[PDB]
Each structure stands twice: as structure tokens, then as C-alpha cells.
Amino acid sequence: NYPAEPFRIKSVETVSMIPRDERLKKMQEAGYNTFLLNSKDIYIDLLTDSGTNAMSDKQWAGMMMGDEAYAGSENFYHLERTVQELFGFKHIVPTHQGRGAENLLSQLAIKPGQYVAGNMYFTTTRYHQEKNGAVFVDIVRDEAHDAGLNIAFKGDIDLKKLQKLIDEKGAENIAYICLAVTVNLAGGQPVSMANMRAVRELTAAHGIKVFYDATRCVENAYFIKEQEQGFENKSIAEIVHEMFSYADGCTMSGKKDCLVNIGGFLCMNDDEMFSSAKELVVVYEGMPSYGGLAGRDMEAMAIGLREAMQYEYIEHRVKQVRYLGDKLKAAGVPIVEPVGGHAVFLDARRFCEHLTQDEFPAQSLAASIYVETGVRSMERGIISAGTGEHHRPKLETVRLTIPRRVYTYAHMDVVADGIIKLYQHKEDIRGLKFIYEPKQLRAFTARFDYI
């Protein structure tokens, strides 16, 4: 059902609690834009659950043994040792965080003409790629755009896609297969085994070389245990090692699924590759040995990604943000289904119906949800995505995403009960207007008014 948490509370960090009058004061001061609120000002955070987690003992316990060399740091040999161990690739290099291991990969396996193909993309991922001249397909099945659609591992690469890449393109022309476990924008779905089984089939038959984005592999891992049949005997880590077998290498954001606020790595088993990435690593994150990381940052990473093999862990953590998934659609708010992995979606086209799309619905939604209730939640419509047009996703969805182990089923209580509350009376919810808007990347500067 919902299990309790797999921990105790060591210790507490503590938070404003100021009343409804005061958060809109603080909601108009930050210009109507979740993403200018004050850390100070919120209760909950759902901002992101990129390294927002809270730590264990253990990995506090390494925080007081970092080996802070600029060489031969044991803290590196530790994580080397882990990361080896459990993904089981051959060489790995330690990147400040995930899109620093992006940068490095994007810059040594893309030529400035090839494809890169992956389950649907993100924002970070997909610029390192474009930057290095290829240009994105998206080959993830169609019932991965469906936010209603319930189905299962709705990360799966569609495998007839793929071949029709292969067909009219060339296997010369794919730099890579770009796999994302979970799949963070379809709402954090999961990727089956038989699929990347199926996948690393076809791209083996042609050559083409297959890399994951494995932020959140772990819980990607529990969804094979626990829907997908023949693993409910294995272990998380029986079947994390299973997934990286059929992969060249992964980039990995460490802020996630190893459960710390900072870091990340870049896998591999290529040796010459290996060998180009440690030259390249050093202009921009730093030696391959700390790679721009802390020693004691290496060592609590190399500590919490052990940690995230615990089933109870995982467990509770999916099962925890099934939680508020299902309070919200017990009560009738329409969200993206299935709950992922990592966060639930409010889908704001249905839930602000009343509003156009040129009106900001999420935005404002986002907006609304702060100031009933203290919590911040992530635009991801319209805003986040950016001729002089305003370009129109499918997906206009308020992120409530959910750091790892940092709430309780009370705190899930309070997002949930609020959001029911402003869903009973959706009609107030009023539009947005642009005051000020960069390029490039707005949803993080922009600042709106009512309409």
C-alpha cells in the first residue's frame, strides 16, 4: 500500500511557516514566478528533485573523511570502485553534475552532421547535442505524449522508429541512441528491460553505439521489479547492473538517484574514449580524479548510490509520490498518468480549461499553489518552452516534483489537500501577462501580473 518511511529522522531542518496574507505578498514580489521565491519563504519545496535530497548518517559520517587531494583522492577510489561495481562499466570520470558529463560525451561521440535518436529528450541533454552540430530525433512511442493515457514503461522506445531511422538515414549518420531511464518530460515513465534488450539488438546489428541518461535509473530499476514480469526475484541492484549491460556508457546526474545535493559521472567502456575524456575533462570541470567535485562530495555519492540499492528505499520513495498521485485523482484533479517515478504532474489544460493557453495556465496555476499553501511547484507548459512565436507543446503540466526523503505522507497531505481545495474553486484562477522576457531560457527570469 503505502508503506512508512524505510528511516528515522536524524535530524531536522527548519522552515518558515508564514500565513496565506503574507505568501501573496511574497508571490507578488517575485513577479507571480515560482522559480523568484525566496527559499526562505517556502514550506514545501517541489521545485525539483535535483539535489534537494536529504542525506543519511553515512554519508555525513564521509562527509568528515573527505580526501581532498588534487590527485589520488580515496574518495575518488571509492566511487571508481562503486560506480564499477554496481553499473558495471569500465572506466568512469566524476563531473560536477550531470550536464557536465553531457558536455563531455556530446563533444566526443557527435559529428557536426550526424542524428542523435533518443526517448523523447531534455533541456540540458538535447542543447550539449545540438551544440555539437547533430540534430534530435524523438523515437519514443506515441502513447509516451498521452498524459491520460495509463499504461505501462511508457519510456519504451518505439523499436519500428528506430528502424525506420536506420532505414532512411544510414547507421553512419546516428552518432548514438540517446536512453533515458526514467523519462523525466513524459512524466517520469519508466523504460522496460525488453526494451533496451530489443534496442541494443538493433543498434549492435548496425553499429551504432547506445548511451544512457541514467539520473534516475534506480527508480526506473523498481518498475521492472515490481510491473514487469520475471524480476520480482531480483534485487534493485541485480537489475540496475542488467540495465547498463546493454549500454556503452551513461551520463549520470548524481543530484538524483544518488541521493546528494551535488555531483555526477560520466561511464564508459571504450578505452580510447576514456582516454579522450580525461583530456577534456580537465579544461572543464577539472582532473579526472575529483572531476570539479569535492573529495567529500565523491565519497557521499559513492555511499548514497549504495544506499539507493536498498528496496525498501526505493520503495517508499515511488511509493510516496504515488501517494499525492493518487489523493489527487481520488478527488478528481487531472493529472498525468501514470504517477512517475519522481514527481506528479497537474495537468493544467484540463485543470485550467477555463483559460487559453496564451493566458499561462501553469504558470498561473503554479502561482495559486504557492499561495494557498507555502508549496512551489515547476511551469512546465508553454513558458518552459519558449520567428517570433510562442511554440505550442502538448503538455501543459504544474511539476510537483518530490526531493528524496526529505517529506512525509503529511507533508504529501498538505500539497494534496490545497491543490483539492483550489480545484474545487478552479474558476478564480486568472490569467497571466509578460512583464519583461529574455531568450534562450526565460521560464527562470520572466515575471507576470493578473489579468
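Residue numbers count along the first chain shown, from 1. Rigid core here is just the name for the largest C-alpha set that superposes within 1.5 Å across the two forms. First, how it differs from the form deposited in another entry.
- Relative to the superposed rigid core, the position of the CA of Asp21 differs between the two forms by 2 Å or more.
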Second form
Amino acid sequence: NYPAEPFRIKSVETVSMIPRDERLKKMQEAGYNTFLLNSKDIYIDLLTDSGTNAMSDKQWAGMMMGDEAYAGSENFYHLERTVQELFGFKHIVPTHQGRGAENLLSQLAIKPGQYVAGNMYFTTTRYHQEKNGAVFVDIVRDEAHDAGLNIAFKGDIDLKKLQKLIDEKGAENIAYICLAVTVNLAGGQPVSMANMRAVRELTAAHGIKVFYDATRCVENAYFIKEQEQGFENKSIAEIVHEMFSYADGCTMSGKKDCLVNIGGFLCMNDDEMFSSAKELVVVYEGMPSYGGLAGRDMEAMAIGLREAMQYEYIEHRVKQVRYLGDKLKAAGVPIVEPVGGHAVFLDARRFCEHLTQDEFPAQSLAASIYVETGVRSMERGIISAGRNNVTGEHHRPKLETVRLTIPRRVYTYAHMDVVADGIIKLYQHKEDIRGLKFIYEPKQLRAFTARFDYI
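Next up, the form deposited in another entry, please; the one we just looked at was the form deposited in one PDB entry.
Nothing else is written out below except the one chain.
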């Protein structure tokens, strides 16, 4: 049912668990914000799957062969041809990570006053869109905002919402469609190939461009192979290649499905757009032949992207996350369903029924999880959404969750059992979790550096 690791351990990293009394003082030192905890004080660090992956022996062999030249590096050509072969795009510009590519795309394809629509948003992607004068519109299906609803391909774009946007606003006022695979905020939920084919069908008829947020496209491809009829005989590589044939470009964070600790890139097919991207990348990232990355990192990212296409690797990656989610569900712990490809999301509304959203249950639950287990998790609720135009009123999203994000090839099933057993025991006395109050809030992006205090 759950496969063993399709690899061996080459090298290990020592870990240690500090006692509860010290975890409590660390949590108070961090202002009850898991973002402010020190890495050395964490047993199992499930804060994010971004850049926290373990590399292979092949990737580390490439690390010893870094061609650090400013132009014409062999590492760049290797990364270039690999992406052209696997993704099928004509041009590629490397960037130091995903939000570097998003900065380039938002300045190239957005006119002040236009609309950008997509299946939910991400914080950095939406910021660069809004900074360049766009208004974001969520066109994901309504069921994606309901945590407990267990349906397949929750991340699909609602075609009726997309049709309604084109009719009310016009096609000329739409910059592009931003299709994310997978959808991070909905719980790592996949998008079906039929939805990608249908979106491409409707947008091309109105001359609207489609750009993918491809950070977790490999996990998305596995869900297509597993659950969409007609793709069970297709390889992961074939599905990934067909996915991108419905996009005019993409922004990629190699720190996710490329199995590296740093790196990203921007892809496109248009020649004029690629020429403008090279003029903008030298301002923010670097030369088009390295783009803010060391040669050895372009090499590791090229090798890692090819390793991710192995069916056994991605099957184990996804089913390890599913294993953690199944143990939590079997004990009655409320989670977002279905389990996504990279994380399990605890439903803090049901976990902390005795608390209101104004008491920040997700931020308080993440603090209690660390103090009780030594596991770091990320708040994904009201604090990440922010406040807008009303003086002091928070955004209220339906999803008030705590994210247990699994780095790739770093932890074992026994580590998943430690996480599950500690959360299940915490769920027994969930009424003890206390509310939080803002003692410091930045002007923007409060989730990263805000400090709180108990109620």
C-alpha cells in the first residue's frame, strides 16, 4: 500500500530534541511565531518543502563539476537543454528562485489596469502582479475553498468563472491566466489535464495568454497518472511534457520539484518576450547564462529535474505524505481532504472549535505543536491573508489551516509516526490551546515577522 524509499541513505544529518521547557522559551522568544524559531532547536522541521530537499549522489557529483564562468558555462547549457527536452519550451532564463522569475514575468506581461486570473494565489506571485498594476481575480472552483470536501482535482479552474470574467471585463483587459500546478493554498491539490486543455481552448479563442506556476508540476503529473482515466499507461515525463503544451510560458521554483536547495527559471516560447526578459534579468538576477545561480547549482537543478521524472520516486514522495494524512484521519484528526502532494493541512477551525478566527487558532496551533512535539509547522490562515482597505479588519478565508510540509527525501515513515503520534495526543486536549494577540505587526507581510502573546 505504502512503498518503501526507492533509494538508500548516502549521508545523514544529526538531529536533536530540546526539552519542553526550552521549547516553551524558544516559542516565547519567537513571539509564538514558528517562523522565528532557530533551525538548531527543531527536531523535525516541516515548515516548508522549499529548498529543504536532500540531493542525490548524482547531484553532488555535479556539484564538484561547477563551471563557474560568467558566460558560456557548460552547466547552463545542460540546464537549458534539459528544460527544453522535458518542458518543451523554446527559451529559458535561469533565476535564483521562483519569485525572481515572477518578478520578470509580472513586468513583461502586465499593463497597469489589467486583470490577472488564476486558481487561487500565492503571496509572492500576487504581490508582483499587484505591484505592476494588476487586479487579481480568483477563478478556482468553489469546492477548493472547502477543507473537508474530498473530491479529485480540487485545483481546477472554473470555466464558468473564466467565461464570466471575459464577458464582464473583456479579453483586452486581461493580462494572462496564471495556472498553478499544484495549488498550494488549497492543500496541494492537483489540476486535471482536461482542465488545462479546456482553459487553453477558451483563452486561445480570445487571444489570452496562459502562464503556469510550475513549482510542483511533478506532483501534479503523478495525480494525473494515478486518477485521470487514460493516463495510467503514460510516463511522468510524457504527462509533464503534455501539461506544458497548453501554456505560453512558466515560472519554476527548482527548490520544490527539482530536488535542490536553491534555483529557479522562467520559460517562454515568444521571441520578443525572451529578448525583453534578458534585458530585465541582468538588472535583478544576473547574466542570462547564470541568472543569479552558481554553475554547480544549475548543474544540480538540471540533474534533479531528470531524477524527479522517475515514477518510483514521485510515487513514494506523494504516498509518504498520504501515509501521514491517513494516520491522522484514522484517529479522528481534522485535516484538509484530499491529502495533497507535498503537505498535510490540519483544519484549525475544527481543531480549535472553542476559539474564534480573531484569536488566530492556526498560529496558536502551530506554536502548541512545536512546544509539545518539537515539530515546526507553518500557519496558513488569517495572518497569511492580511488586512485590506478597512482600518484594522483582517481578511477572512475559509481555510484556517496549519501546514505540515514534507521536504523531499529527507524523512522516513518512522518520522511520520513521530509527527502523527504527537499531534494525535495534542488533539486529545485541544481545549487547552489559547488565543493570541498582536504585540507587533509589520506594515505588510506580517506572517514572517509578527510577534504574538497568549490570551
